[PDB]
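Engineer: In case you want the letters, here they are:
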Amino acid sequence: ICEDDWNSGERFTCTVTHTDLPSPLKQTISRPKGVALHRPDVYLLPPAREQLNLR
Amino acid sequence: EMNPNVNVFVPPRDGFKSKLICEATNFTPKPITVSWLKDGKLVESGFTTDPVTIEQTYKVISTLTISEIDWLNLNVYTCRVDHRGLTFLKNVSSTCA
Amino acid sequence: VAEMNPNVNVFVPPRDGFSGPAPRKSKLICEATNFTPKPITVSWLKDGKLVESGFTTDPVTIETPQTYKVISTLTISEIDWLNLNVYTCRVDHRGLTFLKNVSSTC
Numbered sequence: 001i002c003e004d005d006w007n008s009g010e011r012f013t014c015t016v017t018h019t020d021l022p023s024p025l026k027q028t029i030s031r032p033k034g035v036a037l038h039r040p041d042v043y044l045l046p047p048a049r050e051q052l053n054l055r
Numbered sequence: 056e057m058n059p060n061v062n063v064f065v066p067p068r069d070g071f072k073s074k075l076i077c078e079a080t081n082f083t084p085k086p087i088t089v090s091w092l093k094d095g096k097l098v099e100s101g102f103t104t105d106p107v108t109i110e111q112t113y114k115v116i117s118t119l120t121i122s123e124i125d126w127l128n129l130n131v132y133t134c135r136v137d138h139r140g141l142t143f144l145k146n147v148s149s150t151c152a
Numbered sequence: 153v154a155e156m157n158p159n160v161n162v163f164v165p166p167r168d169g170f171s172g173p174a175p176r177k178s179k180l181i182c183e184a185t186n187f188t189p190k191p192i193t194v195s196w197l198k199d200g201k202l203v204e205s206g207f208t209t210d211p212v213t214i215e216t217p218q219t220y221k222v223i224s225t226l227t228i229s230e231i232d233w234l235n236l237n238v239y240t241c242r243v244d245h246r247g248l249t250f251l252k253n254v255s256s257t258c
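Chain order of the listed sequences is L, R and G.
Position 33 of the first sequence, counted from 1, bears residue number 33 in my numbering, the numbering being contiguous throughout.
Position 51 of the second sequence, counted from 1, bears residue number 106 in my numbering, the numbering being contiguous throughout.
Position 47 of the third sequence, counted from 1, bears residue number 199 in my numbering, the numbering being contiguous throughout.
Errors might be hidden in some of the hints.
[Unchecked claim] Subject to a maximum C-alpha distance of 27 Å in a straight line, what follows is the list of computed DSS-like cross-link-like pairs (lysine-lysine): (1) R/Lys85 - G/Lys198; (2) R/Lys114 - G/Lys198; (3) R/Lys96 - G/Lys198; (4) R/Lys114 - R/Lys145.
To be clear, the hints were calculated from the coordinates, so they are not data collected in a lab.
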């Protein structure tokens, strides 16, 4: 697929035709539009002094 | 003048490509035209008509080649019978699907 | 000139394949194709019981190894079909027996 198509929220369906199941299941994959963007904050937590005892 | 009976056979539920048979019986006169439809679209190839035989009544049988994938997709197959200016349509589908 | 195992196929009516005055009746089609030699025996079995009436077998007709086809039709009742009865088509070819089992269960 194209990059612009994914950002447009197009509906894509994958269907599988298997002998066991007479009804092909439908799965819908689409990017949820209308969501806000936020800057992720990366925090690093060093190990505590109570963990560095058993070596 | 008797209206022809339209019957369409389906593959077994537990498995069989397969074939579709449309049979017209107890009809008069001998000439009769039988065709096939797929989701309301005309079929141009993949079907054959056997010569009309005598069962006075006549019998005509037709065979349509179908694929397993199309059958599982709930495709609609219709047998069209034309006789004495009358058109008969029969719709069939998978019972388990 | 050659020996090929026959192929057995059984056709069953759909859920809306019954019509006429009650009790409704339908038909079953068993066809063997691409078999050689021409002679072949077709029999119908219903829950292990041989069917001796209500069936009509069409004459063998010609469809490079020579090929032949045979069509057999057996009349069935709606009541028997609703009782989950199993219909088996018996095909005899050169001493070999091939059985196919069909049912209304999914």
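Engineer: It remains to establish, for every hint, whether it holds in the given structure.
Structural biologist: Tested hints:
no.	hint	in the structure
1	R/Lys85 - G/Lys198	violated (34 Å)
2	R/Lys114 - G/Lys198	holds (26 Å)
3	R/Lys96 - G/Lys198	violated (39 Å)
4	R/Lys114 - R/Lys145	holds (18 Å)
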